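A.B. asks: The whole structure should be built from the sequences, with the hints applied where relevant.
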Amino acid sequence: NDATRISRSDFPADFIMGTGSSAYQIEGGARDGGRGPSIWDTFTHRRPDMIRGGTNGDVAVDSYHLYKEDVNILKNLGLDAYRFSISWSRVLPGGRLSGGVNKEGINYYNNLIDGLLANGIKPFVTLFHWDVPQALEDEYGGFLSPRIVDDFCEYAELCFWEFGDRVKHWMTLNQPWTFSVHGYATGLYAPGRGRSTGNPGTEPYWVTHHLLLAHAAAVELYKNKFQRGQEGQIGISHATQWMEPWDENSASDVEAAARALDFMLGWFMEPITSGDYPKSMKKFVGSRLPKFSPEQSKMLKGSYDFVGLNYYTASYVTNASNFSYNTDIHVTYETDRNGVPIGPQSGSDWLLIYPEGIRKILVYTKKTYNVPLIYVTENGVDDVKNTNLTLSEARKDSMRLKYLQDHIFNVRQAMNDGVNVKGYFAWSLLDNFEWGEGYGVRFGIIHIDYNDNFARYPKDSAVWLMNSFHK
Amino acid sequence: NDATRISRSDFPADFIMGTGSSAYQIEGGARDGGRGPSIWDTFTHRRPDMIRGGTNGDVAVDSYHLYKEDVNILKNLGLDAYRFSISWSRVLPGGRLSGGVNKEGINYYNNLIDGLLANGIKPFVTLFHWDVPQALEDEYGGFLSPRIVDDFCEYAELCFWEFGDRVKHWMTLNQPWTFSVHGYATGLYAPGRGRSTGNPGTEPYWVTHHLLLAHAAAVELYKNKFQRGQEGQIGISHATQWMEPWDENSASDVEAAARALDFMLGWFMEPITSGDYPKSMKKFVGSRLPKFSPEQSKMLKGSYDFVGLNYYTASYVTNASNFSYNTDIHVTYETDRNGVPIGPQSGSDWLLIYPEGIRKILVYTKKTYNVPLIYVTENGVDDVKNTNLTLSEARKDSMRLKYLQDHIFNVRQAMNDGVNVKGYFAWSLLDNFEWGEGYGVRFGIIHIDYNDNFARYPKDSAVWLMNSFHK
Amino acid sequence: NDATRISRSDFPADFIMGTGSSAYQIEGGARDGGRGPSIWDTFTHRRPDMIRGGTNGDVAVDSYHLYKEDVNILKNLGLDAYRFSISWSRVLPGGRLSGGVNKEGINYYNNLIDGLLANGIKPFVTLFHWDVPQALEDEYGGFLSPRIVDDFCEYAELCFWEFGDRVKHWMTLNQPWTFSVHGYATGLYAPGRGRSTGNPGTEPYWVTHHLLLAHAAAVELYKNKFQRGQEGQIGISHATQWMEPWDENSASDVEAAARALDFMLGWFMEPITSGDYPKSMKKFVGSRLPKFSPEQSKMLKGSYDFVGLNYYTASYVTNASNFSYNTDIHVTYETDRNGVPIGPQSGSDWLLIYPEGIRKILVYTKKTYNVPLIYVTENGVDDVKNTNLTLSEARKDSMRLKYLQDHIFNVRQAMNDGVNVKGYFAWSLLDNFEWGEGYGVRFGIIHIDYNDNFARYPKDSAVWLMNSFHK
Ligand SMILES: C/C=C1/[C@@H](O[C@@H]2O[C@H](CO)[C@@H](O)[C@H](O)[C@H]2O)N2[C@H]3C[C@@]45c6ccccc6N[C@@H]4[C@@H]2C[C@@H]1[C@@H]3[C@H]5OC(C)=O
Ligand SMILES: C/C=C1/[C@@H](O[C@@H]2O[C@H](CO)[C@@H](O)[C@H](O)[C@H]2O)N2[C@H]3C[C@@]45c6ccccc6N[C@@H]4[C@@H]2C[C@@H]1[C@@H]3[C@H]5OC(C)=O
Ligand SMILES: C/C=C1/[C@@H](O[C@@H]2O[C@H](CO)[C@@H](O)[C@H](O)[C@H]2O)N2[C@H]3C[C@@]45c6ccccc6N[C@@H]4[C@@H]2C[C@@H]1[C@@H]3[C@H]5OC(C)=O
Ligand SMILES: [Cl-]
Ligand SMILES: [Cl-]
Ligand SMILES: [Cl-]
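Residue numbers (this note's numbering), protein chains in the order written: chain A, 1090 to 1560; chain B, 1090 to 1560; chain C, 1090 to 1560.
Read the hints as simulated data drawn from the structure, not as lab findings. Among these hints, one or two may not hold up.
Computed cross-link-like contacts, DSS-like style, restricted to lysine-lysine with a CA-CA straight-line distance of at most 25 Å [what the hints assert, rightly or not]:
id, chain 1, residue 1, chain 2, residue 2
1, C, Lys1211, A, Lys1474
2, C, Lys1164, B, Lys1192
3, C, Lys1485, B, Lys1211
4, B, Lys1312, C, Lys1157
5, B, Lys1211, C, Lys1560
6, C, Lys1485, B, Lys1312
7, B, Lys1312, B, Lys1211
8, C, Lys1491, B, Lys1314
9, C, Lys1387, C, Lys1368
10, C, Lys1560, B, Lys1314
11, C, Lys1211, C, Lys1164
12, B, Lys1257, C, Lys1560
13, B, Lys1312, C, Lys1164
14, C, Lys1157, B, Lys1192
15, C, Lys1164, B, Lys1314
16, B, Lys1314, C, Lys1368
17, C, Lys1164, B, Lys1257
If the Cβ cut is set under 8 Å, some of the chain A residues that face chain C in the computed set are [stated by the list, open to error]:
id, residue
18, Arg1135
19, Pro1137
20, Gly1142
21, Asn1145
22, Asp1147
23, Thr1476
24, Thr1479
25, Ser1481
26, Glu1482
27, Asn1540
Virtual Cβ for every residue (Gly too), placed ideally from N, Cα, C.
C.D. replies: Pasting the structure below:
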């Protein structure tokens, strides 16, 4: 009943604790070991103006060469599991089979997986984290085109065949919302489209449409071809953010909030639930929103063994007043009620600390979509920016410590409220590359010294997690 | 006066003898050492139907790993010089600087060059042999676009900076005719365009236009920035084929032949000579043929320290009767006069043995364009196809031996006729990848055993060259 | 008579062209191969707020590991010489001998030296570039104490003994002025005092007194114990800036200008010329200025075989209105003569381009001090800050190119004017750590890519120096 005392014994024996990362944010080795370029290589190299400080992830924090050390950090940490993604163009440098299979890349992921297991850490592997192979992008528009479904399936298949004997927990995509929206609506993330040159009214909906089909075809492939031999499970992971009615009463705000949810989580959750987009979306986007063949619907319906959700912050929503995903939602976001922000800021101004959000979003998801099995796949906060601190100052991440305590507590509540959560993954393991943000933002429970070969050192949060949750 | 007795002492002391190869036909290592894909990787991988036997050059004859052996073969051979090209996307895997500089690729060419020199073999290095980096191709149409001129100059510059201290003889392009015509007119060679989807009426002329400008900008860059410090020379190399009037008399055939020349050699030779295309071409292509700014003309005019010519065969020409380079020439080719072929066939049916052609084409070039310094940069013939021979049978390449004797003799004549030829390079050093032909065609003075790790063994021609020309 | 046309052939054949670095700005491996810490390690680690970005030289541009590449670059560059310094605490981790002699550090410098010589590049070696061993700083305050003279001698003897057989050009100190002024008057550089806590009125005078004694004691040691067997030369390297009277007419301004030169350059040049400090400094500093015993003056007088000057920029000077070196000078610095800036800005607002300054500083030194033999040991300029350019754009360094042209031109002038100038070193070879300014300011003629392992690429200036000055 007091969050600072929360610990492993407040959870069922089989509950899974872990941490995570994605390939491009940590691996480096961009051009080592036969890896091909991804759209994020091109984006950061051709448009350095789009990145704080003009940096990229050629080297990142060099987990590609330092992975034996990360594994050792994970062993000392004590948690059950580690979540990471595979770099598509490291194993298939030309994206599709005819561009060559990269043995060295396969060999890297085998080494990582063997190391995790030799140490009793269970791997959760995500197939895709926005790093589309540049060659598929240049050949046919990547996820714009539906050719991407077949290529994606060849890739998924390669992975199950090589790693499936050991990896028993797969996810097809992570955060597809973010890919679709900032890739094609705002143009702020690779491939940087839409303000032809792009179109925020249309492309985001095709891209999301192709994402979902790719997800579904891969899940079917796994279920029909691998599941019986390998006995693992497959799932997917979604961006979420709690939507709160600016005015508790105005049932017009209650609507705005519920619409904001549809356009973020329903956009992906409805189709794998009933095989169709949500009415709210069909209503306000109308004919710009693609439809599913009925065999497509039949294939998307129930396409998952579990769902993971990533949660960070929350917002107030109210109603609003050529075409564009953003304007299509017809909402405005507010941060305060009468001068009071929904929660304090972290180091980042888009991130307001609101622990109750995670309990809500979890309950809302079980209620609205009826998922039988959930993982919190990402959750965390960033240090305040300050290049002026020596290590012993830098590593005292009180705010992060409290932020994890509070959110893990709320996860525990949601379980009492009947939501079946099988685990929680803190984000992230290492300070790393943060996309448009470059290296200026630190999300890690492990500190990275950029001045001295990416030296790893544990923050207080890390030690707290090991002590409270070791096993 | 008898070709079988020809030897080194029939030539001036400073005359250069050598052999040659191009990167994609011999290196293999397609995806080793950080190399990026070129349009020839994509072509052979995505359209295996365009290649005899569906093969490609991933491994080729693996000079990339076996180069110490090739060097040893070259030392035993005894000739002065070795000509080879650099694979653009081995040193710049993304084509342009922002895609990364590949140290390992640079390191390979340094090793090759140091080895040649440690053995007293002079290297002649060609910058470009049709292997356009796929990334420039996908980003802006490669040589279709004029963006290719700047990228090409960055590439040229990289090479001069890294290798220019040792490499004193450069050529910008080899056989640009073949690239332009079969790349964009017939669609038989990468990138496989033109029967949008291509256009044999227009693209070949833009591509040739961009080739020439790339050539000129690089030569200027070398002359103004490197030549004084490094003291080497730069040049270029052209496809040629002797054109003969079907009827010695019909001054209408005399015209057809001269027009056939313009459209093959004049197309490239006129612009670096006077800074403009030949009238014949301007007449029959008219407004589909691009023009040169006058500063462009001024830059192309005299853009070379020497010219090399590649010669293989000859043809009879007579006059002929939507748009297309082929039909634009208004000629027909014939192989016989009254049932008599212009010369016997080799293993290939497009190759008719006509030694006098090389004397003619050489004299014609000095006469018509006034080149002060010429190298024969390619010349050779192929074995008859026969998988039925054991090595000791296979290596007896009489036809090649005689073919080299006869052509080297005619080169010697042309020199008496006042043409200033400084050297001759037999083609090629190794049996290797022959483009649309795959591995079924053998042009080497060194035999390659495809069944046993690409084992090198000298044919009789090789031993003949060593004995007749050693020094 | 045009700077842009200046080239090697405008200079005597024995004239020497090169480039330069100092150990802490490029080495890294700060705790590799046995190296102990200098006052710069401690300063950047304990007071990161004093460095832009809070960065440090732990890895810098990693010449400790990449020196073979650096040597290859120096080779391709084709200049005669390379100026670098030795890290005192890398060969003696504890500063004094009883602290241990580090074989592995010694072995690094030998490998550097041999690699230079194998490529025909002559090494010019500076013993001290501000990196005082932290052990000596802590034991007795480093250059505050006269104990530093003995230790510095032991350090110099070691280098003479180990490297003297191959190194024929030595310098004891580089820019002692900067060390004394910003270490002890402003407190902006290590060890950061003056801004007990330090005394800007007394320490800089003591530090400077000890720097001069250490310089003389080491020169004496070289001359009496090594010069005969090793046959090399030894001098020292001073910071200069051209001081121009705000009002050409005001004889009061002419004096401010002469006094500014006194307090900057005469401070160090007079003692080695006549064995005492300049009259104006005695006058304005008075009893706070230490005295030389008569036998120290005998040791200082004429204690050099040559002198190097570092030139960057210029200023206008006028008169001024507890104690501080800064106020002692009693002058005021002006940049504008009526909104007419003495010269345009480079990337740094302290640096105003004024090529004639170098001519005057040179002539002024020959006349005022009578130096027989002079090298320009440093001269160069920084790129405009810009993390938005891709590499093809970044490497286009016209301003640095013109800056070198004009300054080199002016060096030629000074030689017509009678100044015996034996060589000129461009500063610097590489973008590298720039003290208080961190990695934000680029001075190299070789670009460094901080995002991808400090990948090296030549800027236009580098290509230009190779071409114009190769030999
Ligand atoms: C719902 C979770 C998210 C998180 O997404 C996470 O961010 C982490 C920290 O960077 C990364 O480590 C992870 O890779 C990622 O999962 N971040 C934050 C900050 C975002 C942002 C702001 C402005 C422009 C683009 C942006 N994409 C960022 C992504 C998507 C989303 C928000 C998004 O919120 C907004 C304002 O839309
Ligand atoms: C003037 C010299 C040439 C030679 O070009 C050489 O061929 C050698 C052997 O393969 C290679 O080793 C070399 O890389 C190349 O320089 N070959 C031959 C056979 C060609 C051919 C025929 C049919 C389709 C495409 C083709 N391109 C082939 C190229 C260009 C040209 C002819 C060309 O003649 C014709 C009919 O146009
Ligand atoms: C006379 C030559 C110099 C140059 O010194 C050079 O700078 C290069 C580029 O950074 C370095 O790579 C070289 O190692 C260094 O010798 N820089 C400049 C800019 C300085 C500066 C300004 C503010 C605080 C400390 C400072 N020390 C810097 C040093 C000493 C001096 C000036 C100095 O200008 C002033 C106001 O005195
Ligand atoms: Cl395929
Ligand atoms: Cl670029
Ligand atoms: Cl001692």
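A.B. asks: Report the numbers of all earlier hints that the structure fails to satisfy, in ascending order.
C.D. replies: Violated: hints 1, 3, 4, 16, 25, 26.
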